[PDB]
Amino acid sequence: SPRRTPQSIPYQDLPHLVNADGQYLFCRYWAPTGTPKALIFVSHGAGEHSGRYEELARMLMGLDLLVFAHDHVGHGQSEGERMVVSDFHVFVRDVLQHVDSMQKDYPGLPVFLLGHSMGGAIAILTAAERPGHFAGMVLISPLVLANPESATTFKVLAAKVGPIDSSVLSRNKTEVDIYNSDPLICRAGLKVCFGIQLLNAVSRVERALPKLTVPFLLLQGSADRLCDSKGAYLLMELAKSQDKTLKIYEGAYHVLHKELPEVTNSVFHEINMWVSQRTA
């Protein structure tokens, strides 16, 4: 019987990969017409999927980069129980599988990571697992901090065994409406087991910072209620990277690449300049 996405589309008709656990991951590619100058993997956040990066990926592809992504396990069109992961390292392992496959096909090219929220924690853990392997990282409100009250709470709830208000994601109301009606987004509350894996991700990110040397661009909104801006300042201070830059968007919420047009246009421009300077 054909393996199908959670939306019932056969994987045989879609770009995909099978991970180390035998699970099908839905893949996306945005390849330039000419020979690519670099590769870039796009790592999405919790509850979302790779299609949300369509416009950013088309901008990167226009700079002669070959952009690629997959929906993380338990997300979007990939297999797995929704927003469940046996251990957070599965996300890192699967990104390395896809990166290694692309590097086999395009040897010699520099490879960048771009990650938002949970996807940024995955990008940090990926670059920390292979020091010197990546040319750079673009982090948009990465998940690097855990609230201590939620942390102790989830540990006790896990020893025994609510959806986010979409308006906190962005000040751009049309983008909030798009988010609320995308069938590939999981807007359900956090499962206790997955909350534990996000706390593991935060703890692992803390331990990786003394070894994190990859160049990075960090974009953070000052009014982000999901990833507090304090974490972006701590990441700038604690990462060992010789090439690190922070840009703060005053008043902006969490999803900077889908924020008010003035913020989104600046985010696209800053990522373009940063990646262009490091692929020249």
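Residue numbers count along the first chain shown, from 1. In this text, the rigid core denotes the largest set of C-alpha atoms whose superposition between the two forms falls within 1.5 Å. First, how it differs from the form deposited in another entry.
Only one candidate in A146, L109, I178, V192 has its Cα displaced by 2 Å or more between these two forms after core superposition: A146.
Relative to the superposed core, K155 undergoes a C-alpha shift of no less than 2 Å between these two forms.
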Contents of the next structure:
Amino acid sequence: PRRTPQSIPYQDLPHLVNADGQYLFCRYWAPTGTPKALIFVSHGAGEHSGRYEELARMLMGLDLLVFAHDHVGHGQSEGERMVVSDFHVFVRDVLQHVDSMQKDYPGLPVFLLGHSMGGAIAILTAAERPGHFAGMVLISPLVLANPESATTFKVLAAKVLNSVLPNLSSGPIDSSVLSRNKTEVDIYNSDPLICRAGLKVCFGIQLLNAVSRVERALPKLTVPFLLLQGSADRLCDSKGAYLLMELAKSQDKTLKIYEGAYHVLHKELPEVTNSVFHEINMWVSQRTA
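Given the form deposited in one PDB entry, corresponding form deposited in another entry:
Left out here are the partners and the other molecules; the chain alone remains.
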């Protein structure tokens, strides 16, 4: 019996098998009646789909069918943890899931919501299907990395590759600098489905590939979007938010900057998180009326 990394049989769980034969754990939040639209939620590196429960419940309350999976190497899905052969695998697997849901609900508009790496995945998914998605909501998407961090990582990756240095990775995710809400930090840290290990050089290289590919995709993007960004984001530099506003060709694009807020806006201080939920609710409501 194929089992999750936590030893639970997939036969008992919602799942999909991707093109590489790997089982991905799925999550669904369906309203009681006919949905007005579909929305795929794309989580970031080191986390998983269960971290979106409250956002998904809000969106389902707007009569959308919300759906997600754990990206390969994450959460309850198969794969070596926080490894991917090529970043495109994530996008391919999103497109499989979206295509399979759309055929079950033909004619319904489909939105994307993504955070951080999951925002880069959203951008690249929309760009691979020009004109197809109804909208995207991006919470601190990975567009430009913090320049000092990116340089540090490139130097590390070069040392590791050009001197074959062993047992060296980049640092782990530091949740304490990614939200001001200490309670949320503690909740995240004790989640059994996150990855707390150092980021491997091979995965970092794929995140740099994502950044490069995002920049090439931006001038091609036409999908409507809402972009939410914290000014004190230590991971996804706010300069990237401005680059997305500048280069996307979308006729419907809006940016809200949260002054002083850190990266994880949907798990931030209550004044910020409450606003984030409100803004997403209004923006999606207006576009599914």
